[PDB]
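**Q** Given chain B's structure and the hints, the job is docking chain A onto it.
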Amino acid sequence: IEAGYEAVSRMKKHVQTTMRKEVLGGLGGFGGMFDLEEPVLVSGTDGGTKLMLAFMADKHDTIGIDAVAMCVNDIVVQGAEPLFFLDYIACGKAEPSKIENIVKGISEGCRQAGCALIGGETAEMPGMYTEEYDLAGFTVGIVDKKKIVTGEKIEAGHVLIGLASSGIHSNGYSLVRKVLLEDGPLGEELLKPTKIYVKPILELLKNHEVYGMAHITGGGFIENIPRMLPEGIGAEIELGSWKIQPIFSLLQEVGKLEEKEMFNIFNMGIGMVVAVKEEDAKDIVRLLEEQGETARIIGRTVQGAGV
Amino acid sequence: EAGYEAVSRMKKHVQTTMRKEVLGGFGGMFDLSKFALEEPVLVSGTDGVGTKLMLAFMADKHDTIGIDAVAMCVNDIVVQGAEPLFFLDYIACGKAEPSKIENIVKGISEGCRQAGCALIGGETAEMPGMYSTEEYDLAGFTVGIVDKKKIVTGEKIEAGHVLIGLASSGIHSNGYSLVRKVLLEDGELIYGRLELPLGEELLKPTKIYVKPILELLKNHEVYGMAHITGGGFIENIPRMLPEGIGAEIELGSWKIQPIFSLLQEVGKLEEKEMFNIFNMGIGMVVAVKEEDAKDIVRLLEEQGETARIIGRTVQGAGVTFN
Numbered sequence: 012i013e014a015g016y017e018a019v020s021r022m023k024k025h026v027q028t029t030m031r032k033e034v035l036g037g038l039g040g041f042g043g044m045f046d047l053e054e055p056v057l058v059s060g061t062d063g065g066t067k068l069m070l071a072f073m074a075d076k077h078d079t080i081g082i083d084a085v086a087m088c089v090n091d092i093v094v095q096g097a098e099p100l101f102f103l104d105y106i107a108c109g110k111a112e113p114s115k116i117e118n119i120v121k122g123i124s125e126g127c128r129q130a131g132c133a134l135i136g137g138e139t140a141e142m143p144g145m146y148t149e150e151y152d153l154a155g156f157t158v159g160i161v162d163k164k165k166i167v168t169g170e171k172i173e174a175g176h177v178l179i180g181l182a183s184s185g186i187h188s189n190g191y192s193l194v195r196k197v198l199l200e201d202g216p217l218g219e220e221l222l223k224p225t226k227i228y229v230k231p232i233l234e235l236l237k238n239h240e241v242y243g244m245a246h247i248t249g250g251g252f253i254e255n256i257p258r259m260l261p262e263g264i265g266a267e268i269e270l271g272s273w274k275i276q277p278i279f280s281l282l283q284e285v286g287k288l289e290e291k292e293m294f295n296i297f298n299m300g301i302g303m304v305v306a307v308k309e310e311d312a313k314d315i316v317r318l319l320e321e322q323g324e325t326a327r328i329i330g331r332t333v334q335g336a337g338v
Numbered sequence: 013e014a015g016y017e018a019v020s021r022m023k024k025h026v027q028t029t030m031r032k033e034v035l036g037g041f042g043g044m045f046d047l048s049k050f051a052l053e054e055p056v057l058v059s060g061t062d063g064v065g066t067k068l069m070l071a072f073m074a075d076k077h078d079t080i081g082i083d084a085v086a087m088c089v090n091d092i093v094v095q096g097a098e099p100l101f102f103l104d105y106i107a108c109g110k111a112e113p114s115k116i117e118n119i120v121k122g123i124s125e126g127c128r129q130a131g132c133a134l135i136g137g138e139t140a141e142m143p144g145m146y147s148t149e150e151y152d153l154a155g156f157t158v159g160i161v162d163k164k165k166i167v168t169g170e171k172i173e174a175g176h177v178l179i180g181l182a183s184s185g186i187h188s189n190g191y192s193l194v195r196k197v198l199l200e201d202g203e204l209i210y211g212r213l214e215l216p217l218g219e220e221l222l223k224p225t226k227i228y229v230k231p232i233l234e235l236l237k238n239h240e241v242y243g244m245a246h247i248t249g250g251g252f253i254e255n256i257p258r259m260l261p262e263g264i265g266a267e268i269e270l271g272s273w274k275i276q277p278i279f280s281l282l283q284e285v286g287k288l289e290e291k292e293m294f295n296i297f298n299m300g301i302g303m304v305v306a307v308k309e310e311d312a313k314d315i316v317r318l319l320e321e322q323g324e325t326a327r328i329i330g331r332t333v334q335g336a337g338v339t340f341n
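Residue numbers (the entry's author numbering), protein chains in the order written: chain B, 12 to 47, 53 to 63, 65 to 146, 148 to 202, 216 to 338; chain A, 13 to 37, 41 to 204, 209 to 341.
Read the hints as simulated data drawn from the structure, not as lab findings.
For each residue, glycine too, the CB sits at the ideal point set by N, CA and C.
Do not rely on the hints blindly, as some may be mistaken.
[To be verified] Among chain A residues calculated to face chain B with C-beta under 7 Å, some are:
hint : residue
1    : 43
2    : 47
3    : 57
4    : 72
5    : 107
6    : 138
7    : 156
8    : 220
[Said to hold, decoys possible] Derived DEER-like restraints, expressed as beta-carbon distance ranges:
hint : chain 1 : residue 1 : chain 2 : residue 2 : range
9    : B       : 163       : A       : 18        : 31 to 37 Å
10   : B       : 13        : A       : 17        : 50 to 56 Å
11   : A       : 291       : B       : 19        : 25 to 31 Å
12   : A       : 261       : B       : 234       : 40 to 46 Å
13   : B       : 144       : A       : 285       : 39 to 45 Å
The shape of chain B in the complex, shown without the other chains:
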């Protein structure tokens, strides 16, 4: 039905809700190009188990933020400015409504991340799938060479700032399920999408000297925080300097899991960390609150190793 696809195409006045000036516009901007000091490109892609909730709940308008989230947060942590987004939706038989729903959510993370949805595609893959689909994302960011923050300016004792997560985000969702497969509202919280920190960082970097940043994905703080730390340097979190979610405290009891254990799977209520010079932590903490983020002095840098 090429008619239904007609009115399915016009439906993407969604993508334009992501558009930026730089887009030498194709469709609504779909298919177009991106117009471009000492320019360096930063790219990323991200295909998680968090999709399982969506298949069941049959609710797909927010799963595409997480995606955008998991791509763009990792580019901006290198102080790069996200420009455009490409999506790949592997599909049994495209449910014209489902597709549109999922791209309704992609264009919402794109708006927030402040990048254009210049392209993407729905794959009719007859056989692999029945209520399922896979969602992939691709991103390109830009940075000035001498401005890349790659935390080698991380000196012992810097104040560590932690920006507030909305819940699980995109990781741990297999342990979540087993824990509450071992057990028995739940789903609205677990369908909570991953926060995007792109805009507030950018205006942060525009104002302050950011020593280093990290995105709390991987295996919790322990994987990710040291990740930014330089040799002979460390990171000590003052437990109780931020508000941890009922979700996390919840899985802590239910599965009866260990603290240090959970800290290596789950964000434990904190989505991102940037290292800051003790004399500035105050007003930049202020600045981010000014950005609608939950900033807090989570701990500090030390000379050593780990968390």
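**A** Frame of chain B; chain A shown alone:
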């Protein structure tokens, strides 16, 4: 565990793809500090392999399709006059056999070698029961850079302009569902006129036209290019051609692989149909002036391509043969 340090070592297929421009390594980096463009523009694109993959599950050959994935992305780039810089892959599977995944990036690297782009990143997803054991998926994503003045869209193509076609490796990457439909209706893999084992003919990877296409452009005026993919000639030649301009194709100007013949004989297809699905031996078309047409043909063949004056531009609409 111990098998991953080694599987991350054999990942050296990327080393074979690298350019000076690629900057050291949460998101690969490419330097644009020496490109000497004055109105620089980024042209990107993503595509997923498709129905061809089903035949790579059958033959258990996984190191070439990645050339298929790259080729589609990259040919769609240079055809607008850009230069592919870097590529990112996304592979989806139930779970990953480090080897099998190694063969996929192995043909992704190669394809990237030929396209001349860096393999700067990629994801590998061991998925639940969403994917079976044999069954996997493969999407790619490219970025190319062009100067705002050097873009080609076809609007400048005119009546009496000369269409050259660059030959293809065979089916490339389009029409395989209809191919399979007579695999069913037919009988499976050496058939008829000049021939390899049938499956082996079918799994021939898509041609990558990048390196020649940029050399062209460095030496001559190109008014259009069409990547003959989905919808074959009937879909893709029209789309480069402005209003009032149609196309005349001279059926004997190029070589049609026997598999297209087979498919038509065996499948009882019409020629119009065939040309609305299959490339029929020509993977990419480029409108040219008449006065250059013959130089261009040799520049391309000096490039290592097979290039034929395939037809011409007229007043009208769509495509017409003779």
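**Q** Would you settle whether the hint for residue 43 (chain A) is holds or violated, based on the nearest Cβ-Cβ distance to chain B being less than 7 Å?
**A** holds (5 Å)
**Q** Taking the least C-beta to C-beta distance, is residue 138 (chain A) closer than 7 Å to chain B?
**A** holds (5 Å)
**Q** Tell me if the interface restraint on residue 47 (chain A) is satisfied: Cβ within less than 7 Å of some Cβ in chain B.
**A** holds (4 Å)
**Q** Hint validation: residue 220 (chain A) versus chain B, beta carbon distance must be below 7 Å. Holds or violated?
**A** violated (23 Å)
**Q** Return holds or violated for the Cβ distance of residue 13 (chain B) and residue 17 (chain A) against the range 50 to 56 Å.
**A** Cβ of residue 13 (chain B) to Cβ of residue 17 (chain A): about 52 Å, so the range 50 to 56 Å holds.
**Q** Would the stated hint for residue 107 (chain A) survive a check requiring a Cβ distance to chain B of less than 7 Å?
**A** Since the shortest Cβ distance to chain B is 5 Å, the answer is holds.
**Q** Starting from the range 31 to 37 Å, see whether the pair residue 163 (chain B) and residue 18 (chain A) falls in it by beta-carbon distance.
**A** At roughly 34 Å between Cβ atoms, residue 18 (chain A) and residue 163 (chain B) fall inside 31 to 37 Å, so the hint holds.
**Q** Tell me if residue 72 (chain A) is really an interface residue toward chain B, meaning its C-beta lies closer than 7 Å to one of theirs.
**A** Because about 10 Å separates residue 72 (chain A) from the closest Cβ in chain B, which is outside the 7 Å limit, the hint is violated.
**Q** Report holds or violated for the interface hint on residue 156 (chain A), using the least CB-CB distance to chain B and a cut-off of 7 Å.
**A** holds (4 Å)
**Q** Verify the CB-CB distance for residue 261 (chain A) and residue 234 (chain B) against the hinted window 40 to 46 Å.
**A** Given range 40 to 46 Å: holds, Cβ gap about 45 Å.
**Q** Does the Cβ distance between residue 291 (chain A) and residue 19 (chain B) fall inside 25 to 31 Å?
**A** Between residue 291 (chain A) and residue 19 (chain B), where Cβ atoms are some 28 Å apart, the hint holds.
**Q** A range of 39 to 45 Å was offered for this pair. Does it hold for the Cβ distance of residue 144 (chain B) and residue 285 (chain A)?
**A** violated (24 Å)
Checked against the numbered hints listed earlier, the structure breaks hints 4, 8, 13; every other hint is satisfied.
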